[PDB]
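A single chain, nothing else alongside it, follows as structure tokens in the form solved without its partner chain.
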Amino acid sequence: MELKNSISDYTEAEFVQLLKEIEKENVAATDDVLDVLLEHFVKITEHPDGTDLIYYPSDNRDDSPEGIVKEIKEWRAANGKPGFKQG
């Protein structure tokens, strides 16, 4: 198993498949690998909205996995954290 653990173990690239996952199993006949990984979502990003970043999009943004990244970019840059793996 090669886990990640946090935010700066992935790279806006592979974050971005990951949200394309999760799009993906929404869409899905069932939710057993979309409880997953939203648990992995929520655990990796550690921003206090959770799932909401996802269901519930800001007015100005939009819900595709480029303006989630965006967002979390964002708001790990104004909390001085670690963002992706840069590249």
The other form holds:
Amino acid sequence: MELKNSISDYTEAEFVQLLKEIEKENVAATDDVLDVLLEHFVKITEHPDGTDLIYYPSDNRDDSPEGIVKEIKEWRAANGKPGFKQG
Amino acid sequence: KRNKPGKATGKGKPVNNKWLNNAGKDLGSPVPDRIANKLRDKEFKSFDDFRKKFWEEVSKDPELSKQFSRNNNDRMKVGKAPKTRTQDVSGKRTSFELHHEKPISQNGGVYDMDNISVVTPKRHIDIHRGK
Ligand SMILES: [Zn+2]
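What would the structure be for the form deposited with its partner chain bound, rather than the form solved without its partner chain?
Shown next: the complete complex, the earlier chain at its head.
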């Protein structure tokens, strides 16, 4: 879809759409497109663990698109960084 | 070489619920005996083909599939290696790799599962450069 340049340009729903696009590319024959999407995910979330949020989720939260978005939102808020678009 | 057909052979080794925890150390993780049992005596068009089938089998073994996230299980189901943790990556190599202990360039079995192990990219590059 459209890759926005910041988390603040994304509502939570739009960010979930990016996560499902990544799930689709996980099952593609190659990782060419997947890897550009992952670089984008890492760049805009800014979480030090990067792709680990998707592939190595903590046991203390759900391994789901909703769980990834929730962890991102809590980590960004805890670090005083702008969150998802509230509209 | 690795691009020629062949039959998989070998017994593999028993593994616990932390199969790949040491993929980034020494020679990495062994092929699981249960997985070896499923691939033994089957023929493959290439090592790349064996690799795909290897990961597919891992996704079908309940005891191993449970050790990976949902996104990683989907990758394995289509034959792609699971993504490693961010810290074990090396440039564009971001997925677990298979290493031949004894190189094909010296009677090393391309499809011998007892001569094959799973390693992280970072460890794999070190192994080949003498580290
Ligand atoms: Zn190797």
